[PDB]
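The chain below stands alone and is given in structure tokens; this is the form solved without the named molecule.
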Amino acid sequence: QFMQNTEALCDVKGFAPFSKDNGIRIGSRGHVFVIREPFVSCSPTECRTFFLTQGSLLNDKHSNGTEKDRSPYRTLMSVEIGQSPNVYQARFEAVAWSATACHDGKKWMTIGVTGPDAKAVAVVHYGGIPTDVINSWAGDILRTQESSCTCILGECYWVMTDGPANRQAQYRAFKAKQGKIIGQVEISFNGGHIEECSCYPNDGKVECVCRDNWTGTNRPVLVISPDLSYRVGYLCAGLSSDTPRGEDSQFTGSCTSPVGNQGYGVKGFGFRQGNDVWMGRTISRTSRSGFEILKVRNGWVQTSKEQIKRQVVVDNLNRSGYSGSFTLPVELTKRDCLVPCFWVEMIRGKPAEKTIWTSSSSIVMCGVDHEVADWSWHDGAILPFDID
């Protein structure tokens, strides 16, 4: 049966550690893919970690990072949550240098974007075979979320961008049923920039907190209804959660406009909690180091600076990276609401560290009814490796 996913998101007081894969530590000797962009998504029976590989293993010469990011070797694969991204437990999903995946209650849908920058092809897989495609509509690196898509009542939703990485681009949201695209909508967002959306279901809609790589240090927010009407703006909260960003003191929030006048960014996430918001961010304002999650009172609807909870997940002495959202389905939790979870990618290697390679491992946290103590579930690998 299809997952309804029409329930409200649970209001949570903290996040409990779900999984830690230790992939880089293991890959010092084991056979582990060099990966990037490792997200989690769940079916009615299990949660899986998805990741992009280059067909190269840690401590092998092919892990040499002299390739294009968007190479023809790049594929999407998956394992059970908490398993390292190792060769012998991996499930193939799609050829892809950009991806999203989600389960509709019956089967996995996966979208893998590959091909040339001027004319990329996004292939939709459903149940482990190709079922449809979207070609680039604007001829400039068609790309998508790098996290879980969202399925509601048997229809799956995701967001894609086509255009410049550093100025105005174009943004579309898509809807599919059983791997067949059955609707889309252009997102009108002049002056704004959307990349790498982290989405989740809440009250029968798809809520997304994305990345502005143009001028914004605050995050875009996009809310999509099943008929593909939408609301688009910025996360109202008077604290910024992109990286790089300015000091909190110097920041005034906006519900409507990018604030901060800085380029670049990092994939991140936020969860609406009635009118409040949980927002993730790196502890460092300038680098992808540390990770904390903050609850801001009325932060979804006002430019509030009223922080009511804070939890540290990775200390500021250790590397973080992308982060993203997903939910636990009711068929697993038996709850009356959808439980919010997030993952944090912890990047290791070049250029910040003296290795020839770059990969990442992950920590995954889920929302609970209790406050949880600060700690640091950092990567733990000792670099350099033998191949270096």
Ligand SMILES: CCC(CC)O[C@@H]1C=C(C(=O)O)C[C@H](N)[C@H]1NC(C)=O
Given for the second form:
Protein chains: 4
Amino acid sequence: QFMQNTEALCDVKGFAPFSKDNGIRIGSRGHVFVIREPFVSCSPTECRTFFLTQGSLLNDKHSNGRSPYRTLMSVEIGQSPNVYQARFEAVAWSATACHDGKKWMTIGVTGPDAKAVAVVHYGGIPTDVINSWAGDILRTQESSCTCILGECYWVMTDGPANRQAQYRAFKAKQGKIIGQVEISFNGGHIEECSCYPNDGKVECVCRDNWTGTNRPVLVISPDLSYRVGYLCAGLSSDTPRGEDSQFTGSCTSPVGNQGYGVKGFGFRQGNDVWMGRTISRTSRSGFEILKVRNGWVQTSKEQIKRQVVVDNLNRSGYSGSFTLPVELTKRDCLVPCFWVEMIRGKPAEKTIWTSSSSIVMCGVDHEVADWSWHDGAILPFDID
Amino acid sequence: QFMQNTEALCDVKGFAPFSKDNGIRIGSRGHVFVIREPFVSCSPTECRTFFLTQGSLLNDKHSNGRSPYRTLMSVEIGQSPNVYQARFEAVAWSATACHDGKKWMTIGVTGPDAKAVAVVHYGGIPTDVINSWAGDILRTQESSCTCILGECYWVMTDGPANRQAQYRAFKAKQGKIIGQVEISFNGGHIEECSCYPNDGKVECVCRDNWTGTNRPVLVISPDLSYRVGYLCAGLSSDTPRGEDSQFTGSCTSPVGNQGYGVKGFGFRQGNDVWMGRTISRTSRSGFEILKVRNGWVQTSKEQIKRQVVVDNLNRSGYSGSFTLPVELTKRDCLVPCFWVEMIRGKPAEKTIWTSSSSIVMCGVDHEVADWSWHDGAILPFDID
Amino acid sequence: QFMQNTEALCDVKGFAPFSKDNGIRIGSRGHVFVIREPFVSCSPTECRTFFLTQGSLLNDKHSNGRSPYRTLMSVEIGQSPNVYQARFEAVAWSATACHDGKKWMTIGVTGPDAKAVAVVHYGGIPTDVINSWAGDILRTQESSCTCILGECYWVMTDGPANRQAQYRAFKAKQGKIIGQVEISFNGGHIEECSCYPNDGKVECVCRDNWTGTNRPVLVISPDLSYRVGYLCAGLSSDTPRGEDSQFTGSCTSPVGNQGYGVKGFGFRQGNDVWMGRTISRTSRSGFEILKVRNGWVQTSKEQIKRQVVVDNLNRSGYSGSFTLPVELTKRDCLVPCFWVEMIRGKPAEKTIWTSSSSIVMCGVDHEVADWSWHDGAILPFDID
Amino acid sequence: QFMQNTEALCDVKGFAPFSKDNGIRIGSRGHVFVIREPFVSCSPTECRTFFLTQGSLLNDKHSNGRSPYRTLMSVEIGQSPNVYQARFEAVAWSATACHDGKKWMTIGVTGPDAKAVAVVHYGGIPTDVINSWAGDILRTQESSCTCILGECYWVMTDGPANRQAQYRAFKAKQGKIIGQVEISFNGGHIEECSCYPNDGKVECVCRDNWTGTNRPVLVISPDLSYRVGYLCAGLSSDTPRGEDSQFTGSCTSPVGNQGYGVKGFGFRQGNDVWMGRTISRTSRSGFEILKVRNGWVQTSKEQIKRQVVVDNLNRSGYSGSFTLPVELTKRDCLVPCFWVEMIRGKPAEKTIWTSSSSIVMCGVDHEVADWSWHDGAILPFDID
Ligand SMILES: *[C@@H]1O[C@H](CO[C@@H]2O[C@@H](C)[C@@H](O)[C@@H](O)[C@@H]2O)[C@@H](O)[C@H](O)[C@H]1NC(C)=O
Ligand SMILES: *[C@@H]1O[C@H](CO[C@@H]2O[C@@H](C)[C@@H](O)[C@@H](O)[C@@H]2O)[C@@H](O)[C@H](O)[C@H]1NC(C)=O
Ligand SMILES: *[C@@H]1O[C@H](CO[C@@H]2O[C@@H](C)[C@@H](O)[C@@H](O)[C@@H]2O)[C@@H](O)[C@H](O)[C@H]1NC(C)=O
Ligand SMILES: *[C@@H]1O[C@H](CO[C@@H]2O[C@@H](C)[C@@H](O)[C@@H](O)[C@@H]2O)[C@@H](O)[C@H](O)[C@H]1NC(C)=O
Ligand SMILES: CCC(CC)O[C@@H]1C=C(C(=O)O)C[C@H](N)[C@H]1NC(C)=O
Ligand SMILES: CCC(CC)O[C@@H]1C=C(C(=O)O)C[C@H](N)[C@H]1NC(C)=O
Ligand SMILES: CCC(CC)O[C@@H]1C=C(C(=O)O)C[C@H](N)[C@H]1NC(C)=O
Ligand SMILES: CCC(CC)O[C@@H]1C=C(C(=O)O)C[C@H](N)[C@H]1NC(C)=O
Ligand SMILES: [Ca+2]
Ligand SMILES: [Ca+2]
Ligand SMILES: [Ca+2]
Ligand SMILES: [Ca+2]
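Form solved without the named molecule done, so how does the form solved in complex with the named molecule look?
Next comes the full complex, and the chain you just saw is listed first.
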């Protein structure tokens, strides 16, 4: 049976802690991959954490830091990314994964920068390929893809990381690419889309790495018509970004004139929006989630909820979205969840290596207090 | 199929050894979580050990000792709480878990002391939340919850650990809270209830951490009517406690005028009772189980059985109750079992860390000899 | 479905290598239990290796050598007895296990020498108990028990290890003891029986630790009538033993006037017999298997086959029997298999610890060449 | 259900990366077997990596280098050959394995050089044996065997490694040998065949270790009629070999007059051929795959595709073939895949040990760019 995933996303008032893997703490002694770019995706029976290894273990000389050793692997949600619980998925230095109700689809991108290859896998074997079409680091979401009615959808970019690039959406059935579309977005920039199903469409909130401090939004229909623009809200959710009091929103255009960025996410809540962001404006530190009234449709600054998940003295990193399927929840709507990556090590910290751990939160019908579920590893390590 | 668990508890004459995990011994070299608060709960197909990790491994610098790293995880009964066999359950510094016949329900409490959040999980995803209602360390059983006819029941406390607090019982179906009751117990104190099903009711034997050296008893009906009082028996089963020869029982009121306490358990046996206690009156050392004639209904001192499980030269700790379901036993009654936690390390011992291991015993129809299945680890460890 | 196991044992011409776990070699670096007394038993879907741990790991200070830490655990056949693949079965310093077609039955004996308790487990929970009836180390086979038509059978001893003791056979269904018999064997001694099904009976070949250099044989019928005596063959198969040229067989009585012994096995082959023995007469070194014409029924010295499995420069240890069920083989007969335990460490070798590894061989229809699949570990280890 | 595997092999234009296990990198710290001779084979539900351990772990003193410790084990494709994920298959210093749709068949050869024994296992138990028929290292493919319509086929050699030997093909059903044929190949030499199903036949491409720099080809029909010769193509694919510009092909006879060799593979593509080879002509370094027009039927030098997988500065080793079954792909043809073994350590490198890791590629309908997915371990290791 294919998962329909045609339901509305649930409207939620707060987010509760789902899991914490403690991967780095455990890796001081246990056998745990150096990783980065973790993400969560669910099947009808379980949620799993996916991650890009460096082909090396914490506290080993090989952790010394797009290589040909990076692989996509997965564990059950809340397990550390440890060697002896890991399932191999793909050769990959960029990836996305999702389940259609019947099997896991994973996409791993590997190969040379000038001519990369994305291998689509379905049920644990390779089934199709997409080669780079613009010759400049073909790359993808680093979070869950989205499956509706047995067809799965994802976004890729090829081109410069800091100026205009090219963006395509793809649709597959049972691991075969059956459609694609080029997304026209002159002046805009899309990287590392965080996508989820809502009302029979794929809604993605992405990263502008060129000039925008606000985030791109892309809404794809099953026939690959789409709409694209920027998240309307009058609060900026990229990093780096400027102060909220100097920010004016835009539904159409990049605002803030700053480079760089970080993968993040948001969720539509009718006309409102939940948006995540690092607490710091200049560095990947802290993590808060804000609900903004009419923030999906207008340049609103009307904050109605805020929750802190990692405090501002502690490192954060990427964040991303996924949903709980109704075959697990028995709800009439899709429950929205997110993860946060907490990066440790170089160059900010004096270590030879870099890795991350994660925390996962899911939408519930009550507000939840602020706290900090930070990484908690004690650096440097023995190897340093 | 839901488990009925409407049967009488079996009347048993002695307890036989079920498992011993040797977690600390194995942790001198293997990759094993620092834990405390282990417990056992069964499904129709297996028994599992649940435990609260410290987000760190034995013999690692992170084991140096309510943190945001503590997690609830589980293994099959008698496996050490090791990294590579562990199943992740919840973010938690207090917990309870049980199976309804179809899936595992777990509850993990995390967050700040002033405003904690308990996340209910069902079949490995979050499904409901209970926030602190009194603002002072919302907390729960640290042992098995109890499911009857597809509805599961547990006890929580919010308030002071050493004076009057507030106590509630909750009922859920498929991970959704469908009822709750405040337990009126003015002058009494309830913590860390050890509960089991008997004759279509939930019977719990708890810890009074305020003034009582005797244990509270709470009997909850499926409609959330209840009765509450103290275990009648004229022998005290908390620690610390006074000498038995200075003790007089009470069915209604705390006796002994001493603070502090330890999680323990008892089982009704018609009108008699099996009660566990540490052998020492002043410290968590040794473990014995006593059967007292009419001890459930009267202030009896008539001991009819005694069995030692850990001798008085060796550390003990918490203990708790669970039952074997009839779909495993094919009996006409629910078999009563208990576990004992054996704590090692600081402050009693000169180590930087604290953890525990466990032994599990089940009720049988013959008396079993005394012995000592103690922890057996050799301290200090390399890290110390 | 219960396994019938009513078929004749296959008549076999040689034995082929099934598995080798390399447990000690791997334990120089990996996380592997110190063990002894390994054995193999099969279900309709797989063969497993069972073993008695010391509650400690190789190369750790706890391996420094009937304790309360010993446990029965199991892995798939040919896996090292490593922590992260092990299934917990029982608290045990002596054990037996077997499958009835539906579930695993295990028996673990633990407790004090004067008053030990054997806990019967069935499908991973305790289900019955046998307490010591003579007050002197209740003990059992250390190899597979035998199930026929859904009823399982095993042998136990209680009493002195070096003079007359007492011996009982037990029958269980679904983990409940439904029958027992005392085996009258005045002047004889039975320990550590190696049993298998043949033609709807249980045939066991045991160890005489009192005066015999020949092995006891016990044949039990489903109704617990039995016959008992000694393996007829005019070659001695215990260790220690005398030279074959000074040996005369007996069907009825212990021969050779020597103490001590080692667990071993034999298989009836119509009127012939396969018998295992250490190659050395004085120490547990080497391992050979001999087929003797009419050796089951007469004091024959007519050797018709010989195969070496461990050469005489290498350590051996216990050996034992099990059979392959027809639901795995699709044969019309039960295939006979054996294992050999290869003990390493103290007192023979200069180490602080003692453990073993294993090799498993199964009966085939062709002769197989001699070789040596010895342990191969390099002692002492780092810990020594 | 038996797998038919009667379909044509798919005609493919390039090969995409399936997996990379990073076994040596991970083994610098993790618990990973010293191996060599890895290979991949698939069932209807998954692909697995098989490998011959040395009965020892990387970075341990036992890794110090046909022993009686070598075993055949397997993991899921892309897992390192680590202790705690490994499934035991056979005692083996040479091996082959394949699935018939219902169960795994494995063959492990062990024993003395003069009189080796090959044990056939089926569904995880031994089921038949083949003893050496020529008394000189009985040996087999070190890659996948081939199953068609429920019958499985493989090739073995017995005799000298460097002059004329003897070669047989065998057929089994459910682990029982039901047929065999001696392959007449006077003047030729066959070792380490790489076989796959194509159009209801078994096509194998092998290693000539006597005089040929070209590879033998053997095509076996289900009734054990066969044809044998050499791969026609006018490019040599063994190592060592001469320059392509001095090479003329032959369909019938060994060409190049050089000894030694390396296990490799090729795939028929109608009348064309994909052939793998090391990039170096003198050493096992680099790996490229070439498609040659009419290379199956004529001495063609017409190269139409080339892809590099390991560059020529990096070590390679053995390579081999397998196919994806239609029950995984839902295609109308069998997808061709190969693996490459990347050997590290002595004598080329200054270490006490030798092991390998692997990369796996599968046939797709687009060309894929050149890259290098080399081993990447940093030698020497701590133990050296
Ligand atoms: C980590 O690596 C440092 C840099 O080494 C150099 O750069 C790398 C990329 C390689 O090409 C290597 O060959 C070069 O030597 C070292 O200088 C340093 O020793 C390393 N540190 C530790 C603790 O292993
Ligand atoms: C264990 O920790 C001891 C105390 O350290 C101090 O307190 C903790 C809570 C942290 O805030 C830390 O920053 C402080 O330094 C140490 O003094 C001691 O080194 C540690 N021992 C070992 C063996 O790791
Ligand atoms: C192994 O143990 C040796 C003997 O120790 C003594 O006997 C044991 C049974 C215990 O009671 C212990 O308390 C006694 O100290 C030691 O002398 C020796 O250090 C140990 N060796 C190693 C390498 O750990
Ligand atoms: C590795 O082994 C070297 C050679 O040792 C000798 O040869 C082997 C086959 C055995 O017979 C052994 O008994 C002999 O001693 C050693 O000389 C060397 O120490 C070893 N190296 C390390 C680092 O373990
Ligand atoms: C190459 C552009 C890309 C998106 C901005 O840079 C990413 C940014 C990163 C970052 O900002 O942390 C690390 C990513 N692993 C990297 N992606 C790849 C494929 O290299
Ligand atoms: C906070 C009061 C509570 C019950 C008395 O104290 C417990 C006692 C403990 C103890 O007495 O050993 C340790 C428990 N982990 C702690 N519980 C929590 C949630 O912190
Ligand atoms: C206690 C008598 C018994 C049988 C002879 O001794 C056995 C001999 C042993 C041996 O000879 O190797 C080791 C066994 N683990 C031991 N059994 C127990 C339960 O201790
Ligand atoms: C014995 C001849 C054989 C085929 C040429 O040599 C092989 C070559 C090898 C090699 O060339 O790398 C290593 C193999 N493990 C070895 N096979 C066996 C069974 O020893
Ligand atoms: Ca930006
Ligand atoms: Ca108290
Ligand atoms: Ca004897
Ligand atoms: Ca050659």
